[PDB]
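Coming up is one lone chain in structure tokens, specifically the form deposited without ligand SAH.
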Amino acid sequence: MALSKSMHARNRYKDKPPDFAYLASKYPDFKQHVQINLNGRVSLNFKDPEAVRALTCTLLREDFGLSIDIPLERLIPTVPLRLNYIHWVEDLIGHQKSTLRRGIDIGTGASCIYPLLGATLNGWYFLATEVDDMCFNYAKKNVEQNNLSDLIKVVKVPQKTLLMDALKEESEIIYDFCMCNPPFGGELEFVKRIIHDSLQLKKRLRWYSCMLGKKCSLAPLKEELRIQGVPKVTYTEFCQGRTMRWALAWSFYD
């Protein structure tokens, strides 16, 4: 699969990109990090992480009613890039109408963006896992301060553990999906550990997914899934300016 403008059609920002002037009119904490470029237009220095944090936190408040607090020392998620994945997962699990859907977020991060977007947008239940202590605290706090503790269960999982170990203190039988952004041997090895877990869980999880940061990772994993004899394998490509991502999903369903 390949989408128009290499980003989801139901993405808010494909047709309506952030208007920095409008956001600086409404949000003064965002107005500081805004600068007037060599053309007279309201620009943002994307090479500065304080500016990006301001952008992410502002977008989540204006366009999603989510008030998050994130540290600069940990990965700042790009809201329109992460948003493509939510809609892609909506498509896989066949999101329409009013039947509860259960997800797993391997490495949820400081922002807990995938669960906060999912639960807000579609009312999805989430098991958000984090190995990092700081991220776990920031994520539990962000879910707590957005009254989504009923829908998102944030859990600190040990350093080595992955998907099977996350379903330890869990009693749910069928999970509609698992989404994940692996951290930066390497990436391939990580996703391969998910593949091996997916072979253990088979149909207990409807769709297993991944958001890859390196193109060189896609061809081996597609092959890895084939040699392990995985029935359904779908993969797409996303964008947000110069930053590219490769989404990869697989199912044991015929």
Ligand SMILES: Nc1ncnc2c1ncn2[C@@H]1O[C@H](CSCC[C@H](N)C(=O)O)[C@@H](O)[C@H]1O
Second form
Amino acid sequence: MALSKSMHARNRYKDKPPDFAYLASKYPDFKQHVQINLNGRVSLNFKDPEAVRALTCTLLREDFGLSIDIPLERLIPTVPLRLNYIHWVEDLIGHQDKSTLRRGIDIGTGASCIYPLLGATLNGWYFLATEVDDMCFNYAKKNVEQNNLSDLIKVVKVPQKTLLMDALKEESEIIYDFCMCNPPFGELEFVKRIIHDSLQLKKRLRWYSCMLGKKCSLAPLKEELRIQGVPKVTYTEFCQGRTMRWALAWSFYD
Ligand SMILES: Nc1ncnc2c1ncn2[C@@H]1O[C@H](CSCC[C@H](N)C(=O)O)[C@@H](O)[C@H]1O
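Compare with the form deposited without ligand SAH: the form deposited with ligand SAH bound:
Shown next: the complete complex, the earlier chain at its head.
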């Protein structure tokens, strides 16, 4: 499948994208990173990671009420793009209500802990955040605690060679609804490790998903899943102008 306006229909920033002028007038700690371009427009220098951090932290504060602390030394996520994936998963696990508790896994949560944070806020989803990087693990366990989401999000430091399988030994939950992953920059080799772990977990997770960075990666993975005889295999492409990612998910369910 593929979504109109190249991004998910339920995305906040599809109809109402970020307004630099507005955010500068509200958050004077963001006003410092914004500069007036030639066209008179209020613009952020996307090269400066401190500027980009200021935007991402402000959009979380402004639109989700999330106050996060993230280091420059680590990846700065781009709020609207990550949000498409949150909505795609919503669609996959057939969102719809108050007594229907849905639980997922985030393979590589990052310093931000962006997916579990959005996910637990927007929908109240229980998450199992995994991390190999200590710095990332420290900041994520911190952002979760400071937004009092300690109850829904369970951040866990994990060994290097370990993925999905190994992580589901603490805690012991029978059925997980989804698992999202944003592979770090071979890419194909990573999702292949996810595919394999999914072959042994099968119906224990309703949906296994992966946000890809390269379109070339879709063709072999689509073929791998097909060779392994995976019943449902779904894919889409998201967008944020210059940026473009390819989310792919697969289920063993009829
Ligand atoms: N085998 C593995 N298991 C768990 N986490 C891993 C891992 N390999 C890498 N990671 C971690 O996963 C992260 C990938 S970056 C994805 C971060 C986040 N979801 C975002 O979009 O902001 C890194 O912080 C890295 O330390």
